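A.B. asks: These are the residues of each chain, in order.
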Amino acid sequence: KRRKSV
Amino acid sequence: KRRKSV
Amino acid sequence: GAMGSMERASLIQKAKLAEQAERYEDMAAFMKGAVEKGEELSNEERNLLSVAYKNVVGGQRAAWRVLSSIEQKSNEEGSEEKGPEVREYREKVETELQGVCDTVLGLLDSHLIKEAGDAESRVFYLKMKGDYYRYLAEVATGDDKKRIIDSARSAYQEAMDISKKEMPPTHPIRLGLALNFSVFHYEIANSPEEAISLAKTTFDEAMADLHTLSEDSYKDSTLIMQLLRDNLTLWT
Amino acid sequence: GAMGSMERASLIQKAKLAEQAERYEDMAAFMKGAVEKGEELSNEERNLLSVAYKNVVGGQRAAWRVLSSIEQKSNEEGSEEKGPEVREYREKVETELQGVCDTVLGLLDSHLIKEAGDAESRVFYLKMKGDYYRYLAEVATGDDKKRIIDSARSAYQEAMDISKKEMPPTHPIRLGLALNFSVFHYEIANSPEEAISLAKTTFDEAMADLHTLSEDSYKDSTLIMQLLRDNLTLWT
Ligand SMILES: [Cl-]
Ligand SMILES: [Cl-]
Ligand SMILES: [Mg+2]
Ligand SMILES: [Mg+2]
Ligand SMILES: [Mg+2]
Ligand SMILES: [Mg+2]
Ligand SMILES: [Mg+2]
Ligand SMILES: [Mg+2]
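Residue numbers (the deposited numbering), protein chains in the order written: chain P, 369 to 374; chain P', 369 to 374; chain A, -4 to 231; chain A', -4 to 231. A prime marks a further copy of an entry chain.
This is chain P alone, in the form it adopts within the complex:
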C-alpha cells in the first residue's frame, strides 16, 4: 500500500 523503498 505504501510504495517501497529500501
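A couple of the hints might just be wrong.
What the hints assert, rightly or not - Straight-line C-alpha distance at most 20 Å; calculated EDC-like pairs for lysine to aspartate or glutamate:
1) A':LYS87 / A:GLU20
2) A:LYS11 / A':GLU75
3) A':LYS68 / A':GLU133
4) A':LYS11 / A':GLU39
5) A:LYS87 / A:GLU115
6) A':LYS77 / A:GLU14
7) A:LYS11 / A':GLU91
Calculated directly from the structure, the hints in this document are not laboratory data.
Position chains P', A and A' with the ligands relative to chain P; hints supplied.
C.D. replies: Only chains P', A and A' with the ligands this time, still in chain P's reference frame:
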C-alpha cells in the same frame, strides 16, 4: 505469551 | 523545564499529537511538562501521562530484556569472551530506563500523589508508582532491590486498599492495578500464589459486578478482566 | 563526538546489540561514532549505518506524515482553529528529521563518500545520499526544495551511473538504489513515468541476470525485485 500488565 | 515556556494546554495538545504520531518520548516530555505546570491532571491527562511513559519505558524494558538475555548468554560456560560491551550497553539502557522510572516517580512524588484526593486519581498515581518501582525492581540487582520491591509493594498496596474501599470491583483502574500488582507478585515478589489469588479474586469480583455496568463500562472492564484471565491462563 | 572515547569495534558491537534491542537511535549514534573513527566501513558496517538511520528517520518520517496530515486537516475549510500547536509540533518533528538527514549527509560528506572507491561502497553511500536528500525533499517547502530535490537526483544519478557501470543488474545495492530512485521520481520529482520506466527496466534487467546467481544471491535480488514490482503494481 508475555504476562499482561496494563 | 524544557516545557516551562509552553502552555499547559499546548503540552496536552502536543502530547495527544505525539501519541498519534507514536512519538512517545515526545509525548512523555510534553506530559511531564504538563504535570510540571503544577495543576492536577484530569482523567484524560493522567492517562496521557501514563500512556506516554508506559510506552517509553516499555521500549526500554523490552530493550533491556533483549540485552539482558544476550548478556546472560555471554555469561554461560563455553561463551566466547566478548568484552564489556554487552554489559556496558545493557547498563546504558538500564540507566536510561531507571532514569525514566525516576522521572515518573519524581512526578508522582512532586506533586501528583500528594494532591490527588479522588480515588480515581490517587489509585491511578499509586498504581503508577507501584509500576515504576516495579520496573526499577525488574532491573534491580543491588542492595536496594529489596527496598525497591518494597516500594513497589507499598505503593500497590495503598492503591489496592483505596481501590477496594473507593471503587467498584469492575473499575478499570482497580482492575489494571490488580492486574499489575498480581504481576508484581508473580514476577517481582516471587509470590506466584499471591499473584494468582489476586488475579482470580479480582477477576471474580469484577465478574460479579459486570451486571451493574453500561455496555461501554462493561467493555472497559472485561477488556481488563481478560488480561487477568490471560495471566491466570499463563500462570496456571 | 559522544562516541569519541569508545573503540570502533565496540561501537560496531554496540550498534549490533542496539539493532537487536531495536534501539535504532542508539544504533545510529553508535554507527555515527564508528563512522567518525575515520576508517572506511565494511559492507556489514555500512549496512549497520544504513539500517540505523533508516529506522530513525523512518520513525520521524512516519511521525511527520501523521502530523502533516493532521496539520493539513486543520487547514481545511470548516476546520476549527486549534492554534499553532500542530504546526509547531510538525515543525519540531520536521526539524529533528532534517537534523538526522543532515547528520547522515554530513557523515557521507565527511568523509564516507570521498573515500569510498569500490562500487559497492560508493554506490551505497551515494544511494544513501540520494535517500537522505530525498527525505529532506519530502518535507521541503521553501526556496531550497528544488535544490534539495536536485541534490537527491544528482546523488542518485551518480550512484545509478556507477551501479550500471560497475555492478550486475541483480546487485541488491543497484536494485535498492533503483527502487529508491524510482520512488524519488514518482513521489519527489513528479515524474511517475520515469519512476515506472526505471522500476520496469531495473526489474527486467535484473530478471535477465538472475540465472547467473547462486540461490542466496537469487533470494537477495528477488527480494528487491519484488519491491520494484510492488511499486510497479502500486503505480500502474
Ligand atoms: Cl554503551
Ligand atoms: Cl513542539
Ligand atoms: Mg498558562
Ligand atoms: Mg570459543
Ligand atoms: Mg499452590
Ligand atoms: Mg581504537
Ligand atoms: Mg466550528
Ligand atoms: Mg504514460
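A.B. asks: Indicate, hint by hint, whether the structure satisfies it.
C.D. replies: Against the structure, the hints:
{"no.": "1", "hint": "A':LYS87 / A:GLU20", "in the structure": "holds, 13 Å"}
{"no.": "2", "hint": "A:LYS11 / A':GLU75", "in the structure": "holds, 17 Å"}
{"no.": "3", "hint": "A':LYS68 / A':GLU133", "in the structure": "holds, 18 Å"}
{"no.": "4", "hint": "A':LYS11 / A':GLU39", "in the structure": "holds, 10 Å"}
{"no.": "5", "hint": "A:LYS87 / A:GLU115", "in the structure": "violated, 35 Å"}
{"no.": "6", "hint": "A':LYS77 / A:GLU14", "in the structure": "holds, 17 Å"}
{"no.": "7", "hint": "A:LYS11 / A':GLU91", "in the structure": "holds, 19 Å"}
Figure legend: structure checked against the earlier numbered hints; the only hint not met is number 5.
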